[PDB]
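Engineer: In case you want the letters, here they are:
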Amino acid sequence: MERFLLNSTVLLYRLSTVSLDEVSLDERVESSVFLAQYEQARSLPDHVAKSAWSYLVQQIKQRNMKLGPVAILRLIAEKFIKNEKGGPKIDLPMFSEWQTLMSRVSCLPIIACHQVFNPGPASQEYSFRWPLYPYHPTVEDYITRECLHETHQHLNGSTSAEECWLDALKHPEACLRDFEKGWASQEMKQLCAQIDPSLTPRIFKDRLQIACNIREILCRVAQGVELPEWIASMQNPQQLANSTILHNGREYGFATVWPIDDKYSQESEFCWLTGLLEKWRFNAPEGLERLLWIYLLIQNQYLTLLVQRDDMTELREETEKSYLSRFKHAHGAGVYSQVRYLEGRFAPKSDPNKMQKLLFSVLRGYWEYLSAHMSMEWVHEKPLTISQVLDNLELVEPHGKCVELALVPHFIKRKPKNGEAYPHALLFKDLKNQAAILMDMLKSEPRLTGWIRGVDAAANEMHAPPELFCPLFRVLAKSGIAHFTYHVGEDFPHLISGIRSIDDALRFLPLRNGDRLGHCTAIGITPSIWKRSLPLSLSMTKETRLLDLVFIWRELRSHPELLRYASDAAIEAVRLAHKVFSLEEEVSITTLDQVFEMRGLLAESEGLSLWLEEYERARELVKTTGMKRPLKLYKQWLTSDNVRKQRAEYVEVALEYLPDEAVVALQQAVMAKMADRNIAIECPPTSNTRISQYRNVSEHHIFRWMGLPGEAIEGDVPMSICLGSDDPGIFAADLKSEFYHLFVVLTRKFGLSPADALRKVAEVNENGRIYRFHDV
Amino acid sequence: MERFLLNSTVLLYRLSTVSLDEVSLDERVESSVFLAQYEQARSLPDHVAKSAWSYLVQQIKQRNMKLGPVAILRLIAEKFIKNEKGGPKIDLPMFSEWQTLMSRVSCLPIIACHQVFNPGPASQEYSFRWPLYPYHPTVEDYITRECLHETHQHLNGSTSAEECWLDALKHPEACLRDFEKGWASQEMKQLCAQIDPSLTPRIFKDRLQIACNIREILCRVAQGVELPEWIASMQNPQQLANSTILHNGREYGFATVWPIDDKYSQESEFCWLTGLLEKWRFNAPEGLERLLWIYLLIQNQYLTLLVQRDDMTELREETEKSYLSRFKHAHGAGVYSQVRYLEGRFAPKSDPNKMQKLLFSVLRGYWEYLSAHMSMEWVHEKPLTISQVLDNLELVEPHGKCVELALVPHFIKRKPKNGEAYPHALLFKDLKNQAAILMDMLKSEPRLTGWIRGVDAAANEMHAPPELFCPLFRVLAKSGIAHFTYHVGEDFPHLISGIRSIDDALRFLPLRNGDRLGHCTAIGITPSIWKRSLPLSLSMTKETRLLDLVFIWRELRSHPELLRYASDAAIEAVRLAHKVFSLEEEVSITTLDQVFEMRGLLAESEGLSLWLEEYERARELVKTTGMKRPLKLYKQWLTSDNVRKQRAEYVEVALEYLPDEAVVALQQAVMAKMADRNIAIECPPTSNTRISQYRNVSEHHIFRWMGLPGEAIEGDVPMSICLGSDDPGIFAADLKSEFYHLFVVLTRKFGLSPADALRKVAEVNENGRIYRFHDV
Amino acid sequence: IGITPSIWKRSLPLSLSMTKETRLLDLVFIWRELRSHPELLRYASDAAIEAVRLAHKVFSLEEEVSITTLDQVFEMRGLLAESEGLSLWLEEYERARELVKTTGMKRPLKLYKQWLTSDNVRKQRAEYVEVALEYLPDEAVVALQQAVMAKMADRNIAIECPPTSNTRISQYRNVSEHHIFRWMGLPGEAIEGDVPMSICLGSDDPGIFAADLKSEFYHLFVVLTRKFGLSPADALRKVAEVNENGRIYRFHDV
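Protein chains in written order, with my numbering: chain U, 1 to 776; chain C, 1 to 776; chain P, 1 to 254.
For the record, the hints were derived by calculation from the structure and aren't laboratory data.
One or more hints might be untrue.
[As the list claims (entries may be wrong)] When the alpha-carbon atoms are kept at most 30 Å apart in a straight line, the in silico BS3-like pairs for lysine-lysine are as follows:
#, chain 1, residue 1, chain 2, residue 2
1, U, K415, C, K61
2, P, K151, U, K89
3, C, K760, C, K328
4, C, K82, C, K760
5, U, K61, P, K151
6, U, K82, P, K227
7, C, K50, C, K82
8, C, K531, U, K749
9, P, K110, C, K645
10, U, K645, C, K50
11, C, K443, U, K542
12, C, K432, C, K415
13, C, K50, U, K417
14, U, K354, U, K279
15, C, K61, C, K417
16, P, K20, U, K79
17, P, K106, U, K85
18, U, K415, U, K632
19, C, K749, U, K531
20, C, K79, U, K645
21, C, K531, C, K415
22, C, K542, P, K227
23, C, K328, C, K429
24, U, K85, U, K50
[To be verified] If you only want the chain P side, here are some residues facing chain C, beta carbon under 10 Å, derived:
#, residue
25, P38
26, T69
27, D71
28, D205
Positions of the beta carbon are idealized from the N, C-alpha and C atoms, including for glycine.
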């Protein structure tokens with residue numbers, strides 16, 4: 001019930017619109033908790049929620065406290081945080097629930113409450129920058145010996161959501177413009193309405209202003225200075241939405257003086273809350289206590305909005321400082337970095353000048369991190385340019401006590417616009433342009449090949465198929481990129497479609513030995529779990545259905561137990577192809593296979609500088625053999641309006657079109673291809689629950705990949721799995737947190753020994769070192 | 001997506017507040033569908049919903065239709081309803097999905113659309129009164145041979161929700177007063193807010209008035225008469241909330257003339273919709289099409305509100321007509337009744353005059369049903385009183401071709417008020433009073449014992465424990481009731497608590513051979529399913545925790561594999577009893593058991609006409625033995641304010657306090673006691689999903705009770721299970737529908753032969769005849 | 001928890017002497033661990049019954065005391081004596097005092113007060129009783145050892161093993177009989193049901209004139225390779241695991 005109190009749109013609305021004169025809101029807060037509980041967790045029974053609320057109220061009453069943010073934070077701090085040899089830690093049994101709580105509530109008020117009421121031993125100096133972790137001697141010993149390796153680290157944005165919230169307070173206008181820019185899209189409107197139906201940019205401005213004003217008022221309370229007496233006119237919380245209070249006809253401001261020069265820093269945020277909670281140890285004024293409650297609710301709702309949206313001026317506000325903070329966060333506390341190999345992902349920019357500034361800022365921040373930790377001779381104390389930064393960076397030797405940085409830009413796929421010859425034309429031109437700036441820069445600075453180590457494509461799978469990036473990747477390979485990773489968007493209309501998508505990526509993309517694929521959930525999730533809460537029939541496009549049909553026939557045409565399914569797939573695929581192509585001749589399943597074999601060829605090459613050489617190479621390889629009828633069919637597949645109209649048409653496919661054994665066989669066939677090609681998998685953090693079929697962390701497919709008994713299916717081919725913390729789905733997270741989360745689940749729910757659990761997690765962690773993109 | 005279009009608060013709000021001049025609302029309806037889908041079914045992935053909506057829009061476009069109620073009803077009718085030998089039926093594979101749809105959408109518009117666009121063979125006469133059923137020759141043959149038996153039929157209210165909706169239109173004021181009377185309670189406010197946050201009695205009045213006005217306007221359209229030209233002033237749907245339209249300064253009414261004298265009857269409802277859909281076969285006006293959409297949305301939301309709320313003037317509006325319709329509905333179509341033994345449940349009234357009128361109306365309606373179907377000599381053609389009704393009814397012989405009626409009033413438990421000596425004093429006095437009128441009537445008409453065959457208690461389990469009704473049942477037994485059934489409310493804070501509740505009912509209640517218990521889900525649901533979507537720790541009162549602790553020790557003190565759990569339960573129960581009783585002596589677990597053995601004794605008897613004889617009988621049985629220390633402890637348990645305060649206090653209990661094997665052992669121990677005492681179980685309909693842990697019908701615990709492989713657990717003791725359709729949870733339902741639903745699930749999901757599936761369902765059905773309360 | 005009952009009984013009298021305090025505490029411990037063991041319900045029931053009878057003598061009380069009440073009194077042993085009778089030291093004082101008064105029982109608290117501050121109770125506690133050597137069979141004692149093994153592993157507490165060259169045990173007639181090899185999981189040495197534990201190398205009192213941690217490392221390797229017939233790689237792996245437990249469970253600041 002604590003998470004509902006600290007995160008509820010209904011409670012925030014009922015607290016931000018009601019005047020502070022009222023003091024007895026227990027009934028209405030209770031109603032808010034029940035409404036939030038039903039909205040967020042409907043599967044929870046009503047009587048269980050009522051009993052939990054009754055226990056919570058009794059617990060507060062027995063502690064001589066009052067229902068509010070202070071009491072709730074105190075109960076959470078005792079429930080989760082205790083003091084150990086390394087400072088404040090999280091109980092190993094309680095870490096899984098803590099991660100679930102971190103998806104809804106920010107931890108900074110909780111740790112501040114813990115410091116106030118349960119201080120560390122001997123009053124030793126303590127600083128809260130990194131998220132809290134549990135402690136196990138085996139895990140700490142392994143981390144100190146073998147540092148953690150990150151394969152997917154988005155360098156854009158901030159390390160966590162909480163300092164993003166402070167950034168929003170620091171620059172309300174910049175975040176407001178970004179919010180409105182996203183809000184114009186319909187997806188953001190739906191997402192905001194899901195979180196809060198009564199959410200508008202006007203209300204967003206009001207809530208941001210109210211939270212900032214509450215911060216200033218409570219800063220005066222926490223600092224110890226007396227209130228400036230305009231609080232008498234302060235009766236309604238909505239008066240803080242305009243950044244000025246009218247008292248006796250005078251316009252009074254809200255900002256005050258802060259001891260730290262950075263009033264929006266993490267340390268200022270922690271110090272303010274610790275002081276405010278210390279002064280409210282025994283009692284608090286009701287109006288100001290509600291003000292703290294409103295601030296926490298506004299902050300938590302903003303953090304939820306940010307994390308769900310994640311998966312110019314604002315960028316220039318931090319620039320190299322954000323990257324420097326990222327590398328310090330990856331380093332962690334102590335002289336020795338907890339992370340050795342870190343692969344940074346950044347969004348490519350079509351502007352060459354913006355690109356040069358972007359990589360200069362990232363590389364300069366990396367040099368700043370190295371110079372702060374390592375004291376050595378530098379060629380340029382103030383490089384101010386990429387060339388001098390590389391001059392300083394080339395003096396650094398691989399020693400393992402610091403973070404080793406590899407840069408992998410991730411191309412962003414977009415929606416396929418109507419017409420425009422082949423379906424993905426404008427998107428391909430944009431990606432080709434972005435590659436062009438990347439290539440001309442690499443030839444303009446050959447030393448950048450030692451830092452620009454890979455190319456990624458992570459937007460979504462429906463918008464662009466894997467065969468789109470094949471000419472892009474092949475031409476980029478000749479530019480010295482030397483590594484390629486492709487994100488398989490796991491929003492497949494059918495499980496077979498996702499398995500086909502991974503197979504298509506292996507078939508067409510030029511993934512060499514040691515390459516990686518991103519988020520291969522389709523071959524990881526079992527059919528039984530995937531079918532949870534799904535309609536008995538599923539909808540997908542004719543193009544996707546036809547491709548899945550050919551894939552099913554190819555994999556299963558020999559399986560004696562599954563010759564039903566392959567023969568049926570081949571027959572009905574031929575019948576579907578007759579509708580899609582509108583052809584009148586006879587087409588066998590073999591001919592359909594050949595047409596889909598040449599999918600990787602460029603559209604212009606199919607119709608027929610590094611780019612041109614790839615053009616005739618694909619063109620000649622389509623003409624060496626004596627068949628042009630499949631080539632003609634592929635031309636009709638690409639550049640026929642009737643075919644495109646048929647392709648975009650949706651068909652109705654049953655949920656259990658193939659039995660679970662058949663789908664598992666397809667997954668294992670792709671497993672064999674994945675292992676034979678030696679391609680690693682960047683597993684998402686297990687705390688990220690966008691799958692929506694996993695009702696607990698123990699049901700995650702990584703444990704099936706780990707070969708756990710009960711989880712692994714007979715016939716599964718072992719694969720290389722890496723740890724990638726790109727979108728953790730929780731406010732405060734780290735690669736260490738994911739490492740501990742996997743260890744905790746293995747030890748507790750699966751009942752593994754600490755050594756055995758460490759061995760399995762270490763194997764996954766070391767796969768990020770074996771399959772790293774860093775230059776050797 | 002069809003269910004979201006026909007049932008969505010967001011869509012209804014966006015359609016009832018926007019003027020009819022707008023014609024292109026496809027984008028905003030699409031947004032409404034996504035918001036409703038996320039709110040109702042969040043576990044469904046976003047991309048799946050988008051693909052389904054795209055297919056639905058394409059399906060409508062390819063049919064040359066327009067997005068609206070007409071097209072949606074057409075698609076549903078073809079998707080579910082087809083014509084067979086018995087008329088319009090439901091596909092056997094599609095019946096499970098149809099039942100799920102019936103929980104959200106009324107079927108009457110769907111069947112009307114089916115009749116319009118897919119008429120029956122040879123244009124044969126067809127009447128829609130009963131809900132649609134699937135057809136299987138084995139099931140029909142069994143029903144004709146062995147009629148269905150109902151053990152739980154609430155005679156109050158109407159047969160289904162749909163004619164309740166027409167009753168609301170018939171008497172808007174009566175339903176408005178009932179709605180406001182419920183709305184004063186906080187539970188109704190929470191329930192209405194969950195269904196619709198912006199729902200108030202003022203809005204409820206507006207929506208009822210709008211729906212009635214839409215019905216009148218579309219009645220003129222369906223009848224063929226031209227609109228009376230005030231539609232020009234009709235631009236905004238909210239103008240129908242005041243039952244009068246201002247056109248050119250004149251107050252024009254909405255009511256029109258209907259061909260049938262009963263404008264609010266089912267036949268009038270069906271005929272109106274069939275005519276309106278027939279006149280809109282090819283095209284419909286946009287404004288009136290939206291009006292039909294708004295009417296369907298309002299009706300569906302009201303039906304959802306009614307079914308969730310279910311589990312004076314309005315009663316007098318129907319009176320004996322409702323009971324007569326109930327018996328005709330139970331009889332079904334054909335000369336021979338599909339139901340033979342029907343046990344009617346009615347709410348007892350504290351007013352003797354109201355009670356006499358209530359039973360007179362029910363019995364007279366039963367005589368009307370018998371006289372309509374059977375032509376024979378009657379002593380009184382117009383009895384007008386109970387005595388003459390029984391004079392007519394005693395001439396009817398048991399022949400099996402008609403419905404045999406047994407009356408079982410169900411006592412309603414209430415909240416325990418504070419203080420008042422023993423915890424349940426005012427409730428016990430109210431129940432004792434209600435029993436008093438029942439008893440004096442039975443002695444005033446001894447022939448009523450052949451119709452008043454049982455006594456029930458079905459409100460909830462937390463509000464009143466089973467031991468409350470023990471003096472009530474024992475005294476009622478001496479009055480000639482001869483049967484007793486007790487409803488075990490399945491909102492237990494813990495699974496052990498529910499198992500203890502069933503055990504307490506068997507231990508204390510005077511359930512003789514052939515008696516039944518209602519809704520024994522606690523011993524039916526497996527621990528694995530029950531733990532779904534539950535917090536790691538659960539909250540319950542100290543009284544409930546202590547009783548569960550003693551129960552665990554009693555059952556498991558000998559189990560060699562479970563001597564951990566019994567010894568731990570006994571030790572910590574003794575420690576808990578020290579806190580609750582605040583005693584300073586030494587209390588063993590045996591002494592605690594003895595104190596809880598005497599729970600069934602009356603509170604006044606514990607402190608120490610048919611009622612008095614029970615008083616000294618319990619008093620003397622507590623004094624025959626030489627122990628009064630457990631008696632003294634029970635006195636402190638009943639009449640000590642400190643003990644009551646401790647009892648109402650809540651404790652924190654882990655979810656996995658006992659392993660699944662231990663909980664299953666407790667369930668099987670109660671299974672053995674249930675079978676040894678030969679007590680049947682009235683199973684709820686499987687279409688009623690208030691369990692919230694069952695994500696599909698195949699996961700229901702009735703199949704575990706049926707002994708199905710995979711579902712039944714080793715060591716389970718077979719029990720007698722009866723079919724009781726009290727709260728089906730769907731708008732249109734019947735005992736036949738539940739029979740078909742069980743047969744469909746057994747044949748399809750469990751892969752049983754039609755003969756084998758029929759045998760299992762027949763065994764459950766015939767248990768309602770073996771354990772019937774009817775006089776032999 | 002390392003030495004097997006068979007080796008420990010070597011060269012011991014058929015009956016052993018211990019104080020009434022120690023005997024009573026062992027009796028409660030036996031009942032707590034074995035009250036569920038179906039093969040050992042003799043020993044737990046006998047321990048509980050005779051513990052209650054012993055407590056009657058020690059406390060000289062006349063009321064009825066169950067084994068559960070005795071358990072509660074010995075649960076509060078960790079509380080401070082002054083706190084039981086009722087700066088960093090004071091905060092611990094009321095913390096133990098309040099935790100003894102949150103619950104509604106003071107009769108076990110009163111019994112613990114008599115256990116601490118009653119001259120008759122102390123005189124009874126210092127009195128010695130006669131206990132047979134084979135009071136519990138080797139299976140029962142091994143079960144107690146494995147129960148503590150499970151608690152040791154669940155709490156993740158390491159064991160600082162003494163050097164094997166230190167023969168103050170007096171029941172080990174050769175180094176190959178040392179209990180560290182049972183902890184190492186060696187065949188023949190490890191008993192069925194043993195819970196693996198973390199064992200560290202600690203050279204505090206080697207028992208020989210010239211010794212080192214290297215000498216103990218070589219001694220374990222030599223015994224594993226020769227007397228137990230293990231491969232040099234296998235023997236090194238087992239000794240390395242024990243050696244690296246001193247790094248995983250080290251007290252040094254990280």
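Engineer: Does each hint hold? Answer for all of them.
Structural biologist: Structure-based check of all given hints:
1. U:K415 / C:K61: holds (23 Å)
2. P:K151 / U:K89: Cα-Cα ~22 Å, so holds.
3. C:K760 / C:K328: With a Cα-Cα distance of about 28 Å, the restraint between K760 (chain C) and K328 (chain C) holds, given a limit of 30 Å.
4. C:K82 / C:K760: Since the Cα atoms of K82 (chain C) and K760 (chain C) sit roughly 28 Å apart, the hinted pair holds (cutoff 30 Å).
5. U:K61 / P:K151: Violated: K61 (chain U) and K151 (chain P) sit about 36 Å apart, past 30 Å.
6. U:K82 / P:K227: violated (48 Å)
7. C:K50 / C:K82: holds (28 Å)
8. C:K531 / U:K749: holds (14 Å)
9. P:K110 / C:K645: holds (26 Å)
10. U:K645 / C:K50: holds (18 Å)
11. C:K443 / U:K542: violated (76 Å)
12. C:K432 / C:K415: Satisfied, since the Cα-Cα distance of roughly 16 Å is no more than 30 Å.
13. C:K50 / U:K417: holds (18 Å)
14. U:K354 / U:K279: violated (48 Å)
15. C:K61 / C:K417: violated (61 Å)
16. P:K20 / U:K79: Roughly 41 Å between the alpha carbons, so the hint for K20 (chain P) and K79 (chain U) is violated.
17. P:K106 / U:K85: violated (35 Å)
18. U:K415 / U:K632: Holds, because 27 Å separates the two Cα atoms, which is no more than 30 Å.
19. C:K749 / U:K531: holds (14 Å)
20. C:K79 / U:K645: holds (26 Å)
21. C:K531 / C:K415: Holds, at about 27 Å.
22. C:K542 / P:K227: violated (61 Å)
23. C:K328 / C:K429: violated (37 Å)
24. U:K85 / U:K50: Violated. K85 (chain U) to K50 (chain U) sits at ~38 Å, over the 30 Å cutoff.
25. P38: With a minimum Cβ separation of about 4 Å from chain C (threshold 10 Å), the hint on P38 (chain P) holds.
26. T69: holds (6 Å)
27. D71: Cβ of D71 (chain P) sits 7 Å from chain C, so the hint holds.
28. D205: Since chain C brings no Cβ nearer than about 40 Å to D205 (chain P), farther than 10 Å, the hint is violated.
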